[PDB]
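K.L.:
Using the sequences and the accompanying hints, generate a full structural model.
One-letter residues, chain by chain:
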Amino acid sequence: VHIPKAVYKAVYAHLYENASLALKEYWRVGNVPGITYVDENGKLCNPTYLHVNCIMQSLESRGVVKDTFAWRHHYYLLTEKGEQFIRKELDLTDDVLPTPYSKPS
Amino acid sequence: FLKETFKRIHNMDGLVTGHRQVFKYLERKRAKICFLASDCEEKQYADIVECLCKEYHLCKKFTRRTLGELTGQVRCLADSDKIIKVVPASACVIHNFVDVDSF
Amino acid sequence: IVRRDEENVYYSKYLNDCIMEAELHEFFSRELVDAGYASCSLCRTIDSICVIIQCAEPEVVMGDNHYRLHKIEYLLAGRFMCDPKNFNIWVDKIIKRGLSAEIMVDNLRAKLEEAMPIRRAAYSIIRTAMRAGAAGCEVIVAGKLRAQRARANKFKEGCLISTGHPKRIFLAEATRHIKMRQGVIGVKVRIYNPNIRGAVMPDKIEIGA
Amino acid sequence: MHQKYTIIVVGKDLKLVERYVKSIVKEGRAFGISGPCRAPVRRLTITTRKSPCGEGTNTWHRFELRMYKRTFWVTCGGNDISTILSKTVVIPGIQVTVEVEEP
Amino acid sequence: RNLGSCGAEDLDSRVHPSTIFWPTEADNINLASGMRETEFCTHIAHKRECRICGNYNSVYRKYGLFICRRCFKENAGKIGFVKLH
Amino acid sequence: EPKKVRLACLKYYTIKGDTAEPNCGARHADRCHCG
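Chains as they are written, first to last, in the authors' numbering: chain K, 2 to 106; chain M, 9 to 64, 67 to 108, 114 to 118; chain D, 4 to 212; chain U, 21 to 123; chain d, 46 to 79, 87 to 137; chain f, 86 to 107, 114 to 116, 122 to 131.
Source of the hints: derived by calculation from the structure; they are not laboratory data. A hint or two may mislead.
[Unchecked claim] Here are the in silico distance ranges between beta carbons for each label pair:
| no. | chain 1 | residue 1 | chain 2 | residue 2 | range |
| --- | --- | --- | --- | --- | --- |
| 1 | U | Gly113 | D | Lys88 | 19 to 25 Å |
| 2 | D | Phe158 | d | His98 | 48 to 54 Å |
| 3 | K | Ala7 | U | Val45 | 57 to 63 Å |
| 4 | K | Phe86 | f | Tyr98 | 33 to 39 Å |
| 5 | K | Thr100 | M | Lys37 | 38 to 44 Å |
[What the hints assert, rightly or not] Here are the simulated BS3-like cross-link-like pairs (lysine-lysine), alpha carbons at most 27 Å apart as the crow flies:
| no. | chain 1 | residue 1 | chain 2 | residue 2 |
| --- | --- | --- | --- | --- |
| 6 | D | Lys182 | K | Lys67 |
| 7 | D | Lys88 | D | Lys157 |
| 8 | M | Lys32 | f | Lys101 |
| 9 | D | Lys74 | D | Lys88 |
| 10 | M | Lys32 | K | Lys82 |
| 11 | K | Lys25 | d | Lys99 |
| 12 | d | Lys135 | U | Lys70 |
| 13 | d | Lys125 | d | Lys135 |
| 14 | d | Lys114 | D | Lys16 |
| 15 | D | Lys88 | D | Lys16 |
Every residue gets a Cβ at the ideal spot worked out from N, C-alpha and C, and that includes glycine.
P.N.:
Structure, rendered in structure tokens:
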């Protein structure tokens with residue numbers, strides 16, 4: 002409900018660098034093992050399912066991503082509108098592209 | 009010619025507004041510059057802080075209203091532009107500092 | 004002379020990966036509807052994963068400059084927790100789409116969602132199959148097709164098998180669900196190719212001169 | 021040199037497992053030997069009610085998953101670190117047939 | 046209520062510093078990493101559920117599956133289970 | 086429904102640059129945040 006900005010930035014960066022996010026359907030207390038952020042917290046701190054789930058709800062509502070639920074897993078993908086939005090929250094300059102376009106093969 | 013820099017700062021929330029927050033930020037000694045209001049009803053909110061800053067790098071913009079939107083603190087449409095809704099701040103403090116051309 | 008607590012790792016390292024494949028089947032089916040998705044396969048090469056796809060028109064899923072594919076690869080890896088760039092993918096193209104039940108039934112679903120009547124859609128599907136060289140196709144459309152009191156009317160053309168082990172080789176079946184304003188419209192397809200691949204249907208004898 | 025290496029291959033269907041066997045035996049005759057051991061079949065059994073609701077005659081499904089396993093540990097010292105690779109890439113790349121190598 | 050203490054007699058009798066046995070079930074490492089927060093979900097307990105439909109009843113744990121019997125007949129052919137004999 | 090009260094001048098613990106409040116931060125004292 003009260004989400005730190007480090008978390009927002011972390012989620013956005015994870016999206017851009019991976020263009021995706023596959024997330025569990027969970028509502029109890031727990032910590033996501035993937036996306037991590039540092040706020041003087043040990044070496045790194047992991048977030049909580051609640052914050053990230055609220056974030057993702059909002060994003061998909063705005064049209065940034067498109068879900069594709071499955072065996073009780075959330076599969077999100079960022080679109081073009083989303084790219085044209087993530088590119089400015091992170092302060093990215095124009096022309097920059099995410100890694101999957103970087104000829105993985 | 010100073011607005012150009014603040015835009016990135018607020019994205020990391022460096023700019024800080026409010027009497028109960030500006031006070032504490034400077035008293036910890038972690039501030040670069042501070043600003044004021046063109047005026048205000050009571051000196052206290054103005055003349056109390058000014059000494060606390062001189063005694064412990068100030069400016070003053072005759073438009074106290076610019077200090078509101080320059081520090082975010084504005085409502086805009088989902089489609090860019092803006093609501094023309096501005097809360098009139100009165101003091102701001104730069105922590106991270108993350114302008115140099117003007118000084 | 005041997006311990007049974009150790010090989011359980013080999014046996015349990017096969018089961019997990021068979022399951023991992025099914026989730027992908029579901030996900031692709033819910034995703035690559037427009038690319039003529041049919042099936043999937045996997046190869047657990049230690050260094051990296053390889054997945055082989057069967058799609059009518061891969062260039063759609065390929066994406067300009069291979070963007071959709073790459074967007075997919077990074078995604079799966081996070082879920083199955085593999086280092087991306089070791090989660091590569093390959094796509095293969097089906098040439099006899101009329102022999103594939105999935106393509107047919109998905110096309111039928113599309114055509115139905117455009118309001119066209121069932122009588123035309125089914126028989127267009129069936130003509131398409133026969134042109135492909137098939138010995139039979141049966142279509143079924145059950146649900147609230149009229150005002151109320153749902154009924155099933157089935158269309159067919161040729162000859163079909165219905166029992167025996169041979170039905171697991173020469174008979175290809177599939178189903179879907181179609182959500183509409185009245186309700187849900189169940190649809191299913193089945194096609195019979197006796198001369199498929201190289202296997203020979205039993206009780207089939209050819210003589211000489 | 022000599023590393024006592026062992027080859028284990030696992031599959032659920034009996035037709036490729038025997039085909040993979042032949043290719044390997046063909047390609048390992050020189051780099052030492054490669055005679056197989058056929059293990060007892062691990063058969064997984066699951067019995068389920070054929071009904072989702074529990075009505076009518078109590079009728080049961082009987083699934084199973086046979087898993088076949090073969091083990092060529094005959095390389096032994098007859099294969100070096102790179103020599104194992106040679107054949108393993110010269111054998112066919114059947115889509116599904118798990119393989120693991122250990123000394 | 047940090048300024049709340051108890052007699053020493055009522056302290057050694059307290060449960061030894063041991064991790065409550067109930068560990069829950071994490072089908073995958075992804076699905077976790079260890087005001088109302090004081091009692092949101094303190095009743096830790098096994099919550100094993102189908103990895104397809106999420107139901108807590110009739111779950112085959114045998115072989116490390118974790119699939120409901122109903123949610124099973126459908127996907128069994130894909131997995132490789134077949135009906136013979 | 087806590088019975089809070091409203092004050093606009095949350096800034097007069099001190100007179101002029103003073104140290105009234107027991114960096115920064122009857123029954124004795126009860127410090128903000130933890131004890």
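K.L.:
Which earlier hints turn out false for this structure, listed by number in ascending order?
P.N.:
Going through the list in order, the structure violates hints 4, 7 and 10 and respects the others.
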